[PDB]
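Sending over a structure as structure tokens; questions will come in a sec.
Only one protein chain is missing from this complex, and each of the others stays in its spot.
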Amino acid sequence: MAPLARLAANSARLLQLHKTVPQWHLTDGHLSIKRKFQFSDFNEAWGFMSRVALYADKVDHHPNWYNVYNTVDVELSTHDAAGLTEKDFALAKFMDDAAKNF
Amino acid sequence: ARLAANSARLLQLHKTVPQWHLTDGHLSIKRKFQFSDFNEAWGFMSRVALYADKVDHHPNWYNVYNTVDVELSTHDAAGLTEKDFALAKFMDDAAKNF
Amino acid sequence: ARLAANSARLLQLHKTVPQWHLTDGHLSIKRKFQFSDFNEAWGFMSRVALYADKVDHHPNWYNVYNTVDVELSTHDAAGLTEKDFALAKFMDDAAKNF
Partner (left out) sequence: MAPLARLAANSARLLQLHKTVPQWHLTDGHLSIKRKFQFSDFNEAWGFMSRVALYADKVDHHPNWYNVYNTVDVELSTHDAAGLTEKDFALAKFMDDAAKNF
């Protein structure tokens, strides 16, 4: 009984959004998106995570992320929708842009 | 130097960080930290990040909003070292503030 | 809306953040925070950074190791607004943890 509408698997809109973040992979049932970000070291990884943290608390939409030294393993979905919303793709896009710097 | 499962030093170190859970084979220690919100969790993580890069010893941590799910082990040792307990302790102290 | 020097609202807000010092013309409020070390100061600043970008209201802060010398004012207002006192309060609360 998720209070929010999720983007339906393979919906034209979902796919139009995915196209903007092509290095993320859609998960089974299209219920989330995943990307493992790789940096040279922890210092770079934290620099990246820092910008995402600011964005996340500003839009109040947070990554499920697993950091191990130079690696940041990320899965995005909207809990209140039990799946993907526009906020996940907007978060993925910001993350992609912040990582592009490295 | 790798700490053997149930070794005297491991058990002694573990007493300094009693909220941590020894894992199968004593290959790692785990603690899940919980805060009021992400802002608090990030303030916590920020202090740990600084410590981690200073001593060059890094957590395996999974953050979701207000929680930080942490597993510590020495990657080059295939088990626990002193550095893991030292990090666990720094993390405990940083968490106390909240 | 810009708070006029010595206005009733300014003085009332100032009571919620008594460690802050009103500046000449009541154009800003200042507080210098002190911590044990940089690690603590950075943990403090990190929480404030998150708050600041959330509400889109930023401190004028000068950090040297363990100290954070802070002046707050609303750049578009040429003086103090509610947002400055709200930020001052968030900063006070973040500092309390240390």
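By letter and in written order, the chains are A, B and C; residue numbering begins at 1 in each of them.
Here is the rule we go by: a residue touches a chain if its C-beta (ideal position, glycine included) is under 8 Å from a C-beta of that chain, and two chains touch if they have at least 3 such contacts.
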Visible chains that the absent chain touches, using the contact criterion stated earlier: A, B, C
Of B:32, B:54 or B:75, the one touching the omitted chain in the full complex: B:54
Candidates A:24, A:37, A:46 or A:65 - the one touching the absent chain: A:46
Where the unshown chain meets subunit C, residue by residue: 38-39, 42, 49, 52-53, 58-65, 75
Where the unshown chain meets subunit A, residue by residue: 42-44, 46-48, 50-51, 54-55, 98, 101-102
For subunit B, the residues touching the chain missing from this view: 49-51, 53-54, 56
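The criterion applied here is as follows: only the chains that are shown with their structure count from here on.
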Contact graph of the chains (line, ring, star, complete, other): complete
Distance from the mean Cα position of subunit C to that of subunit B, given in whole angstrom: 33
Separation of mean Cα positions, subunit B and subunit A [Å, integer]: 26
Residues of subunit B engaged with two or more neighbouring chains: 38-39, 42
